[PDB]
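A.B. asks: So the chains spell out like this:
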Amino acid sequence: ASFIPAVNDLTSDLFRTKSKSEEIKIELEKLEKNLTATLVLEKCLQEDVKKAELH
Amino acid sequence: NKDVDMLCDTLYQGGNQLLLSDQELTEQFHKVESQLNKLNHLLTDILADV
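In order, the protein sequence lines correspond to chains A and C. In terms of the authors' numbering, the first sequence opens at residue 113 and continues consecutively. In terms of the authors' numbering, the second sequence opens at residue 504 and continues consecutively.
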């Protein structure tokens, strides 16, 4: 009677701990695309600063 | 990110090349220059005839 709740909880928390971690990796792509697009925008805008100075 | 986005959209105004000058004002300057060149060509033809 002490084995059964401990065994059930050990079975359950093993998958509970790996659960809810998928939210991080599915939210990661939005930040990744935002950072990459803004970084290539940053280098494009630095070149735009140089070309605007030339103009 | 939104600030960067409409700042880029306002400065580019749909062109890949940067548009510092007002584009319709720029082509207004260009057509004034071209029509002035045509008038100058007519005037110099009249000067040569005179």
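Take these hints with a grain of salt, some might be off.
Per label pair, the in silico range of CB-to-CB distance [unchecked claim]:
1. C/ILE549 / A/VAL161: 26 to 36 angstroms
2. A/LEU147 / C/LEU542: 21 to 31 angstroms
3. A/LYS137 / C/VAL507: 37 to 47 angstroms
Simulated pairs of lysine-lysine, BS3-like, Cα-Cα distance not exceeding 30 angstroms [what the hints assert, rightly or not]:
4. C/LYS534 / A/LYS145
5. A/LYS142 / A/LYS132
6. C/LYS534 / A/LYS137
7. A/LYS145 / A/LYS163
8. A/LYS145 / C/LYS505
9. A/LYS145 / A/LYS132
10. A/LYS132 / A/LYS155
11. A/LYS132 / C/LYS534
12. A/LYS155 / A/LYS142
13. A/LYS155 / A/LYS137
14. C/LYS541 / A/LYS162
15. C/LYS505 / A/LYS155
16. A/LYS162 / A/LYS145
17. A/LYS145 / A/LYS155
18. A/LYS155 / C/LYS534
19. A/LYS130 / A/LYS142
20. A/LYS142 / C/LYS505
Partial pick of chain A residues on the chain C-facing surface, computed with a CB cut under 7 angstroms [as the list claims (entries may be wrong)]:
21. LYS163
22. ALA164
23. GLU165
24. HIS167
Worth flagging that the hints you see were computed from the coordinates, not collected in a lab. Think of the CB as a built atom: it goes at the ideal place given N, C-alpha and C, for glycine as much as any other residue.
A.B. asks: If a hint holds in the structure, say so; if it does not, say that too.
C.D. replies: For each hint, the structure was consulted:
Distance hint check for C/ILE549 and A/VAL161: the Cβ-Cβ separation is about 48 angstroms, which falls outside the suggested range of 26 to 36 angstroms. Separated by about 56 angstroms at the C-beta atoms, A/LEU147 and C/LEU542 break the suggested range of 21 to 31 angstroms. For A/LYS137 and C/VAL507, the Cβ-Cβ distance of about 26 angstroms falls outside the hinted range of 37 to 47 angstroms, so the restraint is violated. Note on C/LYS534 and A/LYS145: the hinted pairing is violated, with a Cα-Cα distance of about 43 angstroms set against a maximum of 30 angstroms.
Restraint check for A/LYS142 and A/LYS132: satisfied, since their Cα atoms lie roughly 18 angstroms apart, inside the 30 angstroms limit. For the proposed pair C/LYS534 and A/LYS137, the alpha carbon gap of about 56 angstroms is over 30 angstroms, so the pair is violated. Of the pairs offered as hints, the one joining A/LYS145 and A/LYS163 holds, with about 26 angstroms between alpha carbons and a cut-off of 30 angstroms not exceeded. Simply put, A/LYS145 and C/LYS505 have alpha-carbon atoms about 14 angstroms apart, close enough for the 30 angstroms limit, and the pair holds.
Between A/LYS145 and A/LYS132, the direct Cα distance comes to roughly 22 angstroms. Compliance with the 30 angstroms bound is thereby established for this hinted pair. Proximity of A/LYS132 to A/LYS155 is assessed by CA-CA distance (about 36 angstroms); at most 30 angstroms being required, the pair is judged violated. Proposed proximity of A/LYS132 and C/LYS534 is contradicted: the alpha carbons are some 64 angstroms apart, above 30 angstroms. Between A/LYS155 and A/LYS142 the alpha-carbon distance is near 20 angstroms, which keeps this suggested pair within the 30 angstroms criterion.
A hinted pair counts as satisfied when its Cα atoms are at most 30 angstroms apart, and A/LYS155 with A/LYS137 qualifies at roughly 27 angstroms. This hinted pair does not check out: C/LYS541 and A/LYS162 have alpha carbons roughly 36 angstroms apart, beyond 30 angstroms. Of the supplied pair hints, the one linking C/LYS505 and A/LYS155 holds, its CA atoms being roughly 18 angstroms apart against a limit of 30 angstroms. As the CA atoms of A/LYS162 and A/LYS145 are separated by approximately 26 angstroms, the hinted pair is consistent with the 30 angstroms bound.
For a cut-off of 30 angstroms, the pair hint linking A/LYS145 to A/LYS155 stands: about 15 angstroms separates their Cα positions. Taking the CA atoms of A/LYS155 and C/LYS534, the gap is about 35 angstroms. The hint is violated against a cut of 30 angstroms. Between the alpha carbons of A/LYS130 and A/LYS142 the distance comes to roughly 22 angstroms, so the proposed pair stays at or under 30 angstroms and holds. This hinted pair checks out: A/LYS142 and C/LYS505 have alpha carbons roughly 14 angstroms apart, not beyond 30 angstroms.
The beta carbon of A/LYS163 is positioned within 7 angstroms of a beta carbon in chain C (closest approach about 6 angstroms), and the interface hint is therefore held. The beta carbon of A/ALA164 is positioned within 7 angstroms of a beta carbon in chain C (closest approach about 5 angstroms), and the interface hint is therefore held. Taking 7 angstroms as the C-beta contact cut-off toward chain C, the hint placing A/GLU165 at the interface is violated, the least distance being around 10 angstroms. For A/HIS167, the interface hint holds, since its Cβ comes within 7 angstroms of a Cβ in chain C; the closest pair sits about 6 angstroms apart.
Comparing the model with each earlier hint shows violations of hints 1, 2, 3, 4, 6, 10, 11, 14, 18, 23; every other hint is respected.
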